[PDB]
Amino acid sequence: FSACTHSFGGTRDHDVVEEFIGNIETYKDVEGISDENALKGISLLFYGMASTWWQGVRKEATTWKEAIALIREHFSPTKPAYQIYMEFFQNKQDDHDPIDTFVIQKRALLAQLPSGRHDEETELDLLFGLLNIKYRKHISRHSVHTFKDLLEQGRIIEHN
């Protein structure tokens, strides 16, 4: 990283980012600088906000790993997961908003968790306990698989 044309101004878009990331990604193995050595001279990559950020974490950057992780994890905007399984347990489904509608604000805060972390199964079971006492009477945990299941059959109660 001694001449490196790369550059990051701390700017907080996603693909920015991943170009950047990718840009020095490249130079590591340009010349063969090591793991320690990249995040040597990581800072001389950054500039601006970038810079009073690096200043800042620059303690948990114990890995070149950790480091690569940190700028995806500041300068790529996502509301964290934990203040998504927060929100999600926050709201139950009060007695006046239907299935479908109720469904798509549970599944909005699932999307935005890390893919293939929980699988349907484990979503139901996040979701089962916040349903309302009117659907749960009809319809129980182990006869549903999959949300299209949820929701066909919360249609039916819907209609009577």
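Positions refer to the first chain, counted from 1. First, how it differs from the form deposited in another entry.
Of the two rigid parts that account for the rearrangement between the two forms, a single one contains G129 as well as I84.
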Given for the second form:
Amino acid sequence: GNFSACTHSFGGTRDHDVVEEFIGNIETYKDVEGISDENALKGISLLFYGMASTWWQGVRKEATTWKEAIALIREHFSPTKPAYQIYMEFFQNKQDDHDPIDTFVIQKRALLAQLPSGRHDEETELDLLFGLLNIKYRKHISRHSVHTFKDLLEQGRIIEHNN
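Please show me the structure of the same protein in the form deposited in another entry, now that we have looked at it in the form deposited in one PDB entry.
Chain only, nothing else included.
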């Protein structure tokens, strides 16, 4: 009753649906066979082979609960762009002299939409963006004069129309 009879296995395939299917299968097996969280944690290494086994050897001390073991599998194997990479790319290029504010804001908010969904509110997102705006706009627009991207775009478009 520790997964020694379980026919599900995971080798480290970096495929979201494969990871969710595996996690779903072992949660079901655990529930149907009446395995405790503590025993599921002590037996989970029986379900890994290849790269997943080498991986588990490296992280198992971090998994103090069954729930943390499941979170480690999702975090490590479900593929995503690392947040640190998104921030670096966000700060890599300032707004050009001839790039209008709408397309500049679209591209930047597109990078912000790659970060975890609940992490930043619109105020924080505006703070991240505001320093990259062209000096042409910041001469007219105080950070304290805008609360939303829509406020910023409304003032920026007026500036563009008056050139």
